[PDB]
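Before I ask anything, here is the structure I am working with.
A protein chain is absent from this complex, but the other protein chains hold their places.
Chain naming follows the written order as A, B and C, and within any one chain the residues start at number 1.
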Amino acid sequence: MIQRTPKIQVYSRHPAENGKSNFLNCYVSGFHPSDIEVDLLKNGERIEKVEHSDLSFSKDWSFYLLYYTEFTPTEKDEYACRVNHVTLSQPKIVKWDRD
Amino acid sequence: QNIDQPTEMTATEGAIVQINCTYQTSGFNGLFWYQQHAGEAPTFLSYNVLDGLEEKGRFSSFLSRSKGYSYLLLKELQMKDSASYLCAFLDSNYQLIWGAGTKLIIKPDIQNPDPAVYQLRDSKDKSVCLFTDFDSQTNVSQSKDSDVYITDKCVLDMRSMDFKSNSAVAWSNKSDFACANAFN
Amino acid sequence: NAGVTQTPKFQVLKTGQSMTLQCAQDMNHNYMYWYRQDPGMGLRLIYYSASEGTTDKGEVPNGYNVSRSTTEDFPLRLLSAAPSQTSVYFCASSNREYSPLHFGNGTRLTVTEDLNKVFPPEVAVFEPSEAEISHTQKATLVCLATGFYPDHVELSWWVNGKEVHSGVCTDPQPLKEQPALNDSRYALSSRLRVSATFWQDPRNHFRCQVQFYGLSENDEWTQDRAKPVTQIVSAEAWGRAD
Partner (left out) sequence: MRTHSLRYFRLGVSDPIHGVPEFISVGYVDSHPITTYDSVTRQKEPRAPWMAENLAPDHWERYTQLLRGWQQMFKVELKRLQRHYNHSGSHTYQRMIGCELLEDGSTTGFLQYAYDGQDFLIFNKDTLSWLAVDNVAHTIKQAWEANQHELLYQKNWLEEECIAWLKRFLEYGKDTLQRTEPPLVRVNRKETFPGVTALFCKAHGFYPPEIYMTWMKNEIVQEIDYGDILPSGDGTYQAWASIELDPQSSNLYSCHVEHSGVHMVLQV
């Protein structure tokens, strides 16, 4: 069988500005099979209160999901997305980069 | 909403009958015809969903979506075609909506009609009378007299002589009952 | 495959009795249906089931329940027999929601307020007219089943103790002895037409069998007349050169 590993894209709803209310978005897509685990990270800590879309279907038979949390970015706070899937022998951490 | 088909049709053996079915709906997953013999289960005859005509042996099924209209066409009618024909369609929700059915009566082609009334020996003691061998255009009317019973026209097939006859039976316990002109 | 097996074929009930109609199919069909057929209207869905583990109301679910524990079985339960439930019941199955229905052979059901209204048929066979034998060289025996309630009968013809079908015509629907009454007892007629020769052979035995469906041997009965049970009532005639 052909497994597809997740594409993981981390980004903000609005152009980021320090001290300014925003949403942190992790979009996992193009994966197969469907079982997947996502955590958003603030300075490597697991963030509680992360909302998510239901499992979504693509016409190429892969799946996609959106994980989001409300946040206010600071210069020193690190933000990441941690993804686990059968194609990943260890959870994959993708950091947010503003620009 | 609704489906309409005629209650009864009557045609002659060897001829052609077109049983029409009209339907109103928003949403359609196809139209079926079922055949149901007296005392028996409906059995699947036809399925139309696209416009046009399907043909299997002596049976055809047409569908106009435009006009909300189907027909079952039977050619070269046989006595065994005598049955109810059930019109039905699937709406958007796959609900099966049934017509009230068309009773198809096939009249036998009686070439040599020989209309007689006969009294049957009452083995053991009512008087049984038999009206037989009459022509298929003859309509057997039930009597008024409440002590005198008259059956519908029955069609028997004596393959033993490739012969077919209409018959009706009348009887009564009345001391004053007479086979002659009991049918009337 | 057998297709759809539905039992029983016939049943009389007193007002308020409980009843289960069995229905089974060996065809691995997802969909099973219970319909009632009444004069002058289309089949009316009672209940249906899209699979083992689910059921749902049709158009006229009131007074009935179903269950679908298995792919094979879809039993229909009559909770409390009312006269309005006098009908013909058909079980059906289909592979899919859009595929053709396979029907069972039906259950003719009559609900009466009083089982004293149940009567088995009196059956008589009438020998052919000498006139017909002369003018046609054909002989028409008539069998007459009379006085029965409910209208739950199968009439068959037997020659020398084997069933026959050729030259037989039985009335499609039993007539009413008292059309005014709704509790009216019933009469049915049948003809068997054979060659005058066949009728003249004294080796030829003719037998009219009416299988009547009535009370069970288990049913309570406090009338003088015999208990009107499911029974075969029979009349016969021998051939004669006479």
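Just so we're on the same page, a contact is a pair of C-beta atoms (placed from the backbone, for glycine too) under 8 Å apart; a residue touches a chain by one contact, two chains touch by 3 or more.
Q: Per the definition of touch given earlier, which of A:18, A:34 or A:74 contacts the omitted chain?
A: Here the residue in touch with the unshown chain is A:34.
Q: Of the residues C:72, C:97 or C:177, which one touches the chain left out of the display?
A: In the full complex, the listed residue that touches the missing chain is C:97.
Q: Counting contacts across the full complex, list the positions on subunit C that touch the omitted chain.
A: Against the left-out chain, subunit C lists 30-31, 48, 50-54, 56, 96-100.
Q: Using the touch rule from the top, list residues of subunit A that touch the missing partner.
A: Residues 1-2, 4, 9, 11, 13-15, 23, 25, 27, 32-35, 54-57, 59, 61-62, 66, 68, 99 of subunit A touch the chain absent from view.
Q: What residue numbers in subunit B mark contact with the hidden partner chain?
A: 26-30, 47, 49-50, 92-95
Simple rule for what comes next: only the chains that are shown with their structure count from here on.
Q: Taking the mean of the CA coordinates per chain, how far is subunit B from subunit C in Å?
A: 19
Q: Taking each chain's centre as its mean C-alpha position, how far apart are subunit A and subunit C in Å?
A: Centres of subunit A and subunit C (C-alpha means) sit 69 Å apart.
Q: Note the residues in subunit B that touch 2 or more other chains, in rising order.
A: If we look for residues of subunit B contacting two or more partner chains, we find none.
Q: Can you name the residues of subunit B that touch subunit C in the complex?
A: Going through subunit B, the ones touching subunit C are 3, 7, 29-30, 32, 34, 38-44, 47, 86, 88, 90, 94, 96-101, 114, 116, 118-124, 126, 128, 130, 132-133, 146, 149, 151-152, 154-161, 163, 165, 167, 169, 171.
Q: Name, in rising order, each residue of subunit C that touches subunit B in their complex.
A: 4, 33, 40-45, 90, 97-98, 100-106, 124-129, 131-132, 135-136, 138, 140-142, 144, 166-173, 175, 177-178, 187, 189, 191, 193-195, 235, 237
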